[PDB]
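Starting from the structure of chain B, add chains C, A and D with the ligand where the hints point.
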Amino acid sequence: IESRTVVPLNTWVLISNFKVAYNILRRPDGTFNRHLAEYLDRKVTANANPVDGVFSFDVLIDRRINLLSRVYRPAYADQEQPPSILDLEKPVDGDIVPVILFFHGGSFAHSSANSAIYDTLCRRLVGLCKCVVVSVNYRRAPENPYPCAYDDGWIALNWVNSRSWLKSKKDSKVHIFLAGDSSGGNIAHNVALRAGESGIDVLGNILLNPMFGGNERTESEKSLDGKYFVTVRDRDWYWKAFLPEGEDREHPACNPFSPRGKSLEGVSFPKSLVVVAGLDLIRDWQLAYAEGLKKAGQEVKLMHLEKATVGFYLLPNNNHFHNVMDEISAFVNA
Amino acid sequence: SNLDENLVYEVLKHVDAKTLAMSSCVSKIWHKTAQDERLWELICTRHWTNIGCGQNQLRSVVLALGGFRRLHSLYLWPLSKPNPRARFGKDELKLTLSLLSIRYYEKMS
Amino acid sequence: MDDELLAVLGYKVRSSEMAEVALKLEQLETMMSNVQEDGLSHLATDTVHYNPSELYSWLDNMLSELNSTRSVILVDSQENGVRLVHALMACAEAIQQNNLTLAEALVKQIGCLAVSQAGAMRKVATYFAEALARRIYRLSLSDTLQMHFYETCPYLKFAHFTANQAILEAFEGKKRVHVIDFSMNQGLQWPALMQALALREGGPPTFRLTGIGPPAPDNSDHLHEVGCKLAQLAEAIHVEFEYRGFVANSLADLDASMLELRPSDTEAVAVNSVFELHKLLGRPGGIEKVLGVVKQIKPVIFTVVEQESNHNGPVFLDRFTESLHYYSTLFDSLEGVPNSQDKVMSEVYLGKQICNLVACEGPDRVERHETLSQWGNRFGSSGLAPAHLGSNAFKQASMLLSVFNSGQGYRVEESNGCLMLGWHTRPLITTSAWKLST
Amino acid sequence: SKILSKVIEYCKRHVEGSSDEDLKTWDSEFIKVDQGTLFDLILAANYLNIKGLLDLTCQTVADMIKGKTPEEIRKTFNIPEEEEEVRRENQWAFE
Ligand SMILES: C=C1C[C@]23C[C@@]1(O)CC[C@H]2[C@@]12C=C[C@H](O)[C@@](C)(C(=O)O1)[C@H]2[C@@H]3C(=O)O
Numbered sequence: 010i011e012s013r014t015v016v017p018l019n020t021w022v023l024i025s026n027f028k029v030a031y032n033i034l035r036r037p038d039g040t041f042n043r044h045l046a047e048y049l050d051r052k053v054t055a056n057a058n059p060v061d062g063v064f065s066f067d068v069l070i071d072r073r074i075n076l077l078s079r080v081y082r083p084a085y086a087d088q089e090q091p092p093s094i095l096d097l098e099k100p101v102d103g104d105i106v107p108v109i110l111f112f113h114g115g116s117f118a119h120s121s122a123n124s125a126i127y128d129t130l131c132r133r134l135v136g137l138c139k140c141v142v143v144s145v146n147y148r149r150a151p152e153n154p155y156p157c158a159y160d161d162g163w164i165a166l167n168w169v170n171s172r173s174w175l176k177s178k179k180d181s182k183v184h185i186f187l188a189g190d191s192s193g194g195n196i197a198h199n200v201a202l203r204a205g206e207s208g209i210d211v212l213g214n215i216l217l218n219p220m221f222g223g224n225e226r227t228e229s230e231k232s233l234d235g236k237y238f239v240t241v242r243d244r245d246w247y248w249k250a251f252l253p254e255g256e257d258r259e260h261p262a263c264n265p266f267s268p269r270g271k272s273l274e275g276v277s278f279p280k281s282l283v284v285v286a287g288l289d290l291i292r293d294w295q296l297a298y299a300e301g302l303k304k305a306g307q308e309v310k311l312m313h314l315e316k317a318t319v320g321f322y323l324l325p326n327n328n329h330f331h332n333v334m335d336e337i338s339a340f341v342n343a
Numbered sequence: 033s034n035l036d037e038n039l040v041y042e043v044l045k046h047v048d049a050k051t052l053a054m055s056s057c058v059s060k061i062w063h064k065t066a067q068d069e070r071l072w073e074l075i076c077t078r079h080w081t082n083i084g085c086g087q088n089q090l091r092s093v094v095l096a097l098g099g100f101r102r103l104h105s106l107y108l109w110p111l112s113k114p115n116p117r118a119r120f121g122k123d124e125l126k127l128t129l130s131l132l133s134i135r136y137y138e139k140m141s
Numbered sequence: 042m043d044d045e046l047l048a049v050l051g052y053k054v055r056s057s058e059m060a061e062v063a064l065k066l067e068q069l070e071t072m073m074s075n076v077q078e079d080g081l082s083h084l085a086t087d088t089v090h091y092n093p094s095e096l097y098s099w100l101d102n103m104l105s106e107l108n205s206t207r208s209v210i211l212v213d214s215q216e217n218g219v220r221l222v223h224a225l226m227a228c229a230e231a232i233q234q235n236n237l238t239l240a241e242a243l244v245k246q247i248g249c250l251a252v253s254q255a256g257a258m259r260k261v262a263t264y265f266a267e268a269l270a271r272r273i274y275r276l277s287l288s289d290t291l292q293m294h295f296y297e298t299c300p301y302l303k304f305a306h307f308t309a310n311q312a313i314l315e316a317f318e319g320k321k322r323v324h325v326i327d328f329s330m331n332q333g334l335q336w337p338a339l340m341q342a343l344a345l346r347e348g349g350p351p352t353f354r355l356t357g358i359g360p361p362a363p364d365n366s367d368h369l370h371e372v373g374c375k376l377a378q379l380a381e382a383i384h385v386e387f388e389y390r391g392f393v394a395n396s397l398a399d400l401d402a403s404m405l406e407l408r409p410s411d412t413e414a415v416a417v418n419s420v421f422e423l424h425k426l427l428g429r430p431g432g433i434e435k436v437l438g439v440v441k442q443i444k445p446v447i448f449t450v451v452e453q454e455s456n457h458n459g460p461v462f463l464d465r466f467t468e469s470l471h472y473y474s475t476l477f478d479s480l481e482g483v484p485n486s487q488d489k490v491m492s493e494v495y496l497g498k499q500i501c502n503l504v505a506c507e508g509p510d511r512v513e514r515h516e517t518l519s520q521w522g523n524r525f526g527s528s529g530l531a532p533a534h535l536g537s538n539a540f541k542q543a544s545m546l547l548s549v550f551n552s553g554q555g556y557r558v559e560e561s562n563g564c565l566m567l568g569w570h571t572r573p574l575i576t577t578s579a580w581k582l583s584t
Numbered sequence: 050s051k052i053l054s055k056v057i058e059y060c061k062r063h064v065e088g089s090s091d092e093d094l095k096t097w098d099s100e101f102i103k104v105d106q107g108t109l110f111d112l113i114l115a116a117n118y119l120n121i122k123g124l125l126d127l128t129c130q131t132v133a134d135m136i137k138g139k140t141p142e143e144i145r146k147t148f149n150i156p157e158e159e160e161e162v163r164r165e166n167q168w169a170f171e
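Residue numbers (PDB author numbering), protein chains in the order written: chain B, 10 to 343; chain C, 33 to 141; chain A, 42 to 108, 205 to 277, 287 to 584; chain D, 50 to 65, 88 to 150, 156 to 171.
With the rest of the complex left out, here is chain B:
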């Protein structure tokens, strides 16, 4: 009754359907119904025929862990015929070319790179930002709890930084922008930390409703509880499934600014673009993350949208989506 007047009907239907399906798929004793989840998941396949100026193809980055990624590129305007197999890994022509390394959401347990909601998002990112995207297919919980995703991200980044056909003619280097959605945003942050420690130079970071939490109950959790598609019960379920055994929600993977965590002072970090939804159950944690970035001596551009729920970026029927896309495009081509 309260969520109907804040989102369009199609968005309401999509999010409510996802919520009821995930309610069905969650079992109280900490086990997941994987077969039914994969049966109910809607997916697509890679296409080398350019559709609306974008074509994609899959690459098997790793075979021991079955790590895979999907590459989205703009259509070759110079040529007329559709690209061949050799034309896929063709060097880019341009003084500067940014590549976005994307991680998808799902609270470390749902969805995949082949899903029909993240493929559309990656195609739209290519179309609007005028870049190339690499969408990673990382392992999921509770079968692969931790730190499987944080290792898949590192391997994918090491692969992306080595492609000689992705280098730029200005300085013979690859310009990588880490991007993440929900839990993927979480992963993005952590991956950026690792990229800070090694020689890889990530230039930017984009977080869309990053997934962070804590032991204490913030005022948003108490006031907003079950009002907009999210409850603290399933949040705690997912944190229990993802996190290791015998650890609380103050683990650094949950809250980056915990006392057991690591300090961001005297640490090289990319400039951050954090988009925080207003009508979110965990809005206080995201605002605290932005404030900790500001007070840690780092750069961050906070984008707090007052009347934004979760999943506003999955359909182009709201002003928030257009504003966020324009800000991402300006952040990338800078």
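Derived from the structure by calculation, the hints contain no laboratory data.
Be aware that a few hints might be false.
[Stated by the list, open to error] List of simulated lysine to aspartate or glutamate pairs, EDC-like, C-alpha gap at most 20 Å:
1) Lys375(A) x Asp364(A)
2) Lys51(D) x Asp105(D)
3) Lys435(A) x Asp399(A)
4) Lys60(C) x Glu165(D)
5) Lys137(D) x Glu138(C)
6) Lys139(C) x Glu381(A)
[Said to hold, decoys possible] Computed footprint of chain C on chain A; a stretch qualifies when at least three of its residues, placed anywhere within it, have a C-beta under 8 Å from a C-beta of chain C:
7) 533–542
8) 545–555
Here a beta-carbon is modelled for each residue, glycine too, at the ideal position from N, C-alpha and C.
For chains C, A and D with the ligand alone, coordinates are given in the frame of chain B:
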């Protein structure tokens, strides 16, 4: 020491699956009493909370295709090897028995 | 008309049904608040779900119970693979340009590159050069081979079990049944179906089987031999059995009169065909005659298992390009499989498939593969409405890929009421069930 | 006799939910005293045709048998074609 047939049928009753098959390799008398398919009948029946069919038809069919020991060893153990938490249901029984019937048909010539 | 913004996301919802669907969702929520965990468990393990894309039907079920595309995957390789593909694409265009002088050198050129090359690409290059070699000169065991394809590759077991579930579901409520196997082969699909009707609730029916096979001096009696062993199995489990073999050069040589069919109400009929309909597209008019006979049979289900690719294009280098990609994926899936005589004879089985694909023409070429989009166009014009596959079939196929295949990356996906088996994100085969449109 | 007095002090206790846990503690003390004579306590039970005591006394032996290697199971109660045949037929237990 030495135990009678019904005595082994009682002591080797409360040993579940792994330890029974362990005890199939120790003593010749316990070897014969472990080849008995009623212990394995109980073992396999424990894996299911509701098979969905009467036991009278199930026992004859399973013993006609090779027995419960082979059904457990060949197919059920793969299905329980990664995680023993999950309890088998309709689909697991159907899959394992179909594999058993196909294997019985392979030996048929 | 559907909702364009949601149809892109994989959901078929009418624009005029939106409110209704939303209302249903509200209702569902309330029930899940009342019935609570136990009821939700019933929704997970005791329910079979059909066609998740149709939100109206899925929500109705839950409420009632609570009350040209080119898919390519690049595996790690070397530039010598590109030199091989460049050489392979050089000969295919040269042989198509009526050169027939550069082709001899180019075919020789591929041979010198293959020895240096290592991996699965050496096998694909060897089998394509050989089929390219004796095409140049054309303008200028079997029983054990299909056996060896069973214990090594998972496509045959996936085809049998997934089709059996669709047949088993359609046979519930019937006292006499009759199945016709267009791909009788050695009858490995049917022993698993017979034991399922024995344990069926309500009592097993009278099971009748009729197989059709390719002509041979021995296959006429080999089909008789197969039913000898199936007759002995139907008595161990107390099932009434009946059998009759066939010999036919092609399925187009069939008619409904000689199948000896009782009235359909008395005996239920289910037609089966696995990897057989693509061998019929070489003959002009063949597929339309066979699909007019299946309609004459009037079955309750017709399960088809095929290969997901477009290897039947009217241009040679088009067929050459797609076939090279598809058979590169197959030889990549088998790369990690432990070496065995079953594995060796599996590549020869596929090597004969490659060699017939590009060297032959006319009726001699039988590997006329098509995609589900093209296959669904042929069945739809005949009058065969789809029969959707549920999550019970999906579940068994997933556990099937866990007993024999452990580390190999095979996946199952649902699409348009069908099931697909593929390597990682690359589909390979598809299983579909059809019923007469009413 | 000793096993006769044992079955009296078990079965009048049987005559004499929350009672089963301390009953099983008394049974632990019992089979501690009933040790050694336990195997012949099976023969005494067959002499008497007991039901509850039979299950309870077989349960203790079964609880022992769990998790011992072949020769371990040997030396607890003092007990090559067939050897390799049983090893290969039950390899999954050893795998
Ligand atoms: C249990 C969940 C998970 C939600 C929130 C919700 O409470 C219900 C709706 C889920 C969701 C549905 C689809 C998207 O993957 C997601 C990121 C979203 O926006 O909304 C999904 C989102 C999330 O991943 O946080």
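Hint check against the structure, violated hint numbers in rising order: Checked against the structure, the only hint that fails is number 5, while the rest are satisfied.
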